[PDB]
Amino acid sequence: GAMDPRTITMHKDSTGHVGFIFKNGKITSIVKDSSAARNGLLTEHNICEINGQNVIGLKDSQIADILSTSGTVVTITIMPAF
């Protein structure tokens, strides 16, 4: 629910992308018509886990690298914040 973590499974498109951008670990925009959009990834939520790995505290370059090098399945657990 509103306060709670949610886990979203996405699949990469033909160029290896799932459909979002982020900054300082927070998702900031979803790409229209993407896997992220279809599967309900949310903006203003922090990236907690990717493919079951906790990434809290990692810098953006590392989160980016994990996303870019992932296989086609990308599962992300996200968390709201105030």
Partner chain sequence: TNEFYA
Given for the second form:
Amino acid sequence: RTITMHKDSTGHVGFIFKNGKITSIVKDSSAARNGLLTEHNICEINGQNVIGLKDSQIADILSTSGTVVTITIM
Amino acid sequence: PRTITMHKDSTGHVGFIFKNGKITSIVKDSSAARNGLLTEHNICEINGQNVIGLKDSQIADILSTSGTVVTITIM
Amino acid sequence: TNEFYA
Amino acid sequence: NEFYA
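Moving from the form solved without its partner chain, what structure would you give for the form solved in complex with its partner chain?
Expanding to the full complex; the earlier chain stays at the top.
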């Protein structure tokens, strides 16, 4: 359900997404260590509802977020 | 260093991220993972083609227009 | 294609 | 500007 992750030195938590859904997890990442799951839709980021937003807006929210990123998935 | 043969998945991807000609990440449960592709190594050759010095977009074009089986040499 | 890395 | 392959 809700997964808390920390950005690495490159500013990433460790997942790939498309069409609002997580499609891949990166080895040895915050997303891997914290159990972010593939093939789940992204519902909230840092308590903001992101269902329905376009991918570039989701990407913008992620990049503009601070170090701690919490994502709710379903 | 070494030579790794991978197979594109059903989305057309072998399972790595790169930037500045260097592999930075491997994707879980991917052909790159299964075949032992290593991070923090520069890409030298893809399907027999020297990619040392090419821009990332040129590398990405080579990878995207490659066929299913992709063999990369790294250092 | 059109995937995003985060 | 990373690339996924």
